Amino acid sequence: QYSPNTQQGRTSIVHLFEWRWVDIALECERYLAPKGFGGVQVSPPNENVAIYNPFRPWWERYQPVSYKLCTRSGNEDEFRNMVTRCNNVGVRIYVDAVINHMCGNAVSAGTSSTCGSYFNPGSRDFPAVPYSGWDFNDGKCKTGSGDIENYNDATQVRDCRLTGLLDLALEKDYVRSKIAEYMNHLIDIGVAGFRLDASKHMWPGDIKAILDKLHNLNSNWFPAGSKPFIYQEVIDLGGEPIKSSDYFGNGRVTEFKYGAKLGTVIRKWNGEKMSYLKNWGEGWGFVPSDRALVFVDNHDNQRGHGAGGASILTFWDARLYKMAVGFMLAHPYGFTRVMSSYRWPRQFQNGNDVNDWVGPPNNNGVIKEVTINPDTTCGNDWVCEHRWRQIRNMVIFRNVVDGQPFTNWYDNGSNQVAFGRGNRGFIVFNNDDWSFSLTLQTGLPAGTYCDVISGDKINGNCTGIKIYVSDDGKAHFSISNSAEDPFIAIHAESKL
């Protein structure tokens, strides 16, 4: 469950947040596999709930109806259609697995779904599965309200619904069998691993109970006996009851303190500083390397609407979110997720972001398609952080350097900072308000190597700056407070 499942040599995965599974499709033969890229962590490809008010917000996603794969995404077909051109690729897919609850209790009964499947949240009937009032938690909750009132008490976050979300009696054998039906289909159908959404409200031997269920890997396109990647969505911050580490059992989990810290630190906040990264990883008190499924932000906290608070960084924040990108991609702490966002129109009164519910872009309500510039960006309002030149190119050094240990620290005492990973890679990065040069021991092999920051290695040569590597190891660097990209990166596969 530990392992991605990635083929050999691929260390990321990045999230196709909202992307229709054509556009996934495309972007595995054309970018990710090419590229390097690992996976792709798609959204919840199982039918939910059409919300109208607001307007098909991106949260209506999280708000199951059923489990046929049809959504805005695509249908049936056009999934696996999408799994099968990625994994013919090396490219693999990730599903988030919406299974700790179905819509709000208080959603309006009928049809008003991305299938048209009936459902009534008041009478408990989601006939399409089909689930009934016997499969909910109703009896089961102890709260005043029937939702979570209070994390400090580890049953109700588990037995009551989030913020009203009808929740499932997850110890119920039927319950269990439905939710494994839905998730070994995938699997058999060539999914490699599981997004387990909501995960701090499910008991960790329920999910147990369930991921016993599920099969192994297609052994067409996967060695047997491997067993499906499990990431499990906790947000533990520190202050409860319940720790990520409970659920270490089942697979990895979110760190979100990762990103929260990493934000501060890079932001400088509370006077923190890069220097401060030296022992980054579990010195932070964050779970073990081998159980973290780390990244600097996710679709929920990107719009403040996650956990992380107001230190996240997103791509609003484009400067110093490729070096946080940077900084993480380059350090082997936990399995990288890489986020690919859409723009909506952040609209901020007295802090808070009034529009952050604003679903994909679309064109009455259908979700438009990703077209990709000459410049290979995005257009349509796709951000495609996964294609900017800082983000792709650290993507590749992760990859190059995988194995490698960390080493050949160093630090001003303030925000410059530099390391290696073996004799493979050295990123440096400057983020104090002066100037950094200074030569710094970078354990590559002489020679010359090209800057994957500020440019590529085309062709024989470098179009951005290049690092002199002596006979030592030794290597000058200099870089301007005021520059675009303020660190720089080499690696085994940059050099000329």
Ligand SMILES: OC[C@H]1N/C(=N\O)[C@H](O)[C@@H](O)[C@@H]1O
The other form holds:
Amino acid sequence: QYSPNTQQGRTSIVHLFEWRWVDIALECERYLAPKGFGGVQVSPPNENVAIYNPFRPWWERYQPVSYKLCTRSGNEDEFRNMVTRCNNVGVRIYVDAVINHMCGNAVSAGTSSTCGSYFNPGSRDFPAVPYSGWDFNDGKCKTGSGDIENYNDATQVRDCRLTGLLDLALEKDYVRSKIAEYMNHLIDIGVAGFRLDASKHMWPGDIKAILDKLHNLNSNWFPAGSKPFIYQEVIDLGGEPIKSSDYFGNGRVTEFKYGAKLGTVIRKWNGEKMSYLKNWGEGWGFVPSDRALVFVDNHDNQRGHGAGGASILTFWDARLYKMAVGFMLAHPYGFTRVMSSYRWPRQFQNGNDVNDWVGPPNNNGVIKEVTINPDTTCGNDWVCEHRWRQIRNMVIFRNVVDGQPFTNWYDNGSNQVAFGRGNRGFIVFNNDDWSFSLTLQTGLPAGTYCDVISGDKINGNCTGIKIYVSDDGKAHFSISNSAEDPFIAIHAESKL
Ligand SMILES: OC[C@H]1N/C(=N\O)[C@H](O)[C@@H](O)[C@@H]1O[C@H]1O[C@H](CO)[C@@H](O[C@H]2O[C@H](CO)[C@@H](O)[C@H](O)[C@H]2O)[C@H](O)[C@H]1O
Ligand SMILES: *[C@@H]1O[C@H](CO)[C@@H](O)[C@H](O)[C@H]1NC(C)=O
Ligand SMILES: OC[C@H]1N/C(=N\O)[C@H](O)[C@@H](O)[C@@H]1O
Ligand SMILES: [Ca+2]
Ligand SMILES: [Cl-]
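Rather than the form deposited without the ligand that you just supplied, could I have the structure of the form solved in complex with the ligand?
Below is the whole assembly, all chains and molecules, this chain first.
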């Protein structure tokens, strides 16, 4: 559960949020594999509630009805087709496993689901699994509302309903087996791992009992004895009885303090500066590198639904976001996850977004296809951050510098920083309100290098800035605070 199971030399995964299976399959072949992306985190593939008030929100997918592979993203045949085509081209598939709960208790009984399966939240009947009232935590929860009321009581956070979501009794072997049957069906299809949703709301021992029932990965693509990659979503910002370290024996954990602090540093909040990033990682109270799944923003906090607050950098903050994603992809700490989103009509009323519910670009409920524009960007309101030159080239930078140590740090005591990754890469940042013009030590061999941020290396030449490294590793870098991208990155493969 700790090893990504990605192809050797591919170091990042991308969250293709709300994308259809046929579009991910095409993306695996046309972009992800040629550009060196390791994998894809997909939205929940299991049947969910079709919520019409409000109109088909993104969050309806976090309300399971059954374990049938039938969603707005596609059916079972389309899912298998995607997994097979992606694996054959070396791009892994990771499933967002929503296993803590079923739907909200206030949801109406009927067939208002993505595959037409009947369900009754009131009587706790989900015949398509099958689950009954005996499979839920209604008698185990000791709160007066039945929902989670206080986060200082570790027991209720696990045994009660997260905002009304019917809590599955995970101590029961029947419930563990039904979840394992679902996860094993997916492993055998070819998925490389899972995102365990709402892990904070499940007991570490209960998760371990479910993982013990899991198969090794499909031996047609993976070597014998390969265990599925497990990354648990535990939102731990400190100061709670539940720690993300309680989950280390099961797999990796999502490090939310990472995106929160990188956001405050780059926005320069509370006097924080980039020079403090010298000891970035464990020195800041984060989980150990080999247990961390890192990201700048996720599907939740990019629209204010998880934790991190107003500090979180998203595609809306384009210029600062590319620097954050650039820093993340260059720094050795943890396993990296790149976000790929869609544009929604943000509307701030009293400091908060009233349109945070808005689902994926659609036509009367049917999710729109990802159309490709002539400049490699996406149409139909898909932002496609993974396709932006600055982000795409930084994904390749991480691949080229894999295994190299953190060396040659420089800082001006403010926000102009720089570091190298052994003898394979170097990156410089300028987040100050003045220009940077200095000669720094790189650790890289002599030659002419293309800046992968301002341009590309197309047939023996650079389309952007050129950096000249001398015999002793020194190189002059000139970055203006007025530049579209106030950072320069050069690596072993961008060399002329
Ligand atoms: O997996 C359950 C949550 N835990 C998660 N990680 O721990 C997901 O990342 C997050 O997206 C999920 O909440 C999302 O999915 C929930 C179910 O759809 C939404 O709740 C919604 O449904 C509830 C029950 O019907 C309502 O009470 C609530 O007001 C309504 O917003 C919630 O706001 C939305 O952030
Ligand atoms: C690179 O481009 C420049 C013009 O920008 C040109 O002078 C030079 O010959 C090109 N190099 C090669 C190797 O073609
Ligand atoms: O306790 C942290 C945070 N963690 C959560 N789940 O793990 C909740 O969705 C959110 O409501 C809660 O505030
Ligand atoms: Ca629970
Ligand atoms: Cl996450």
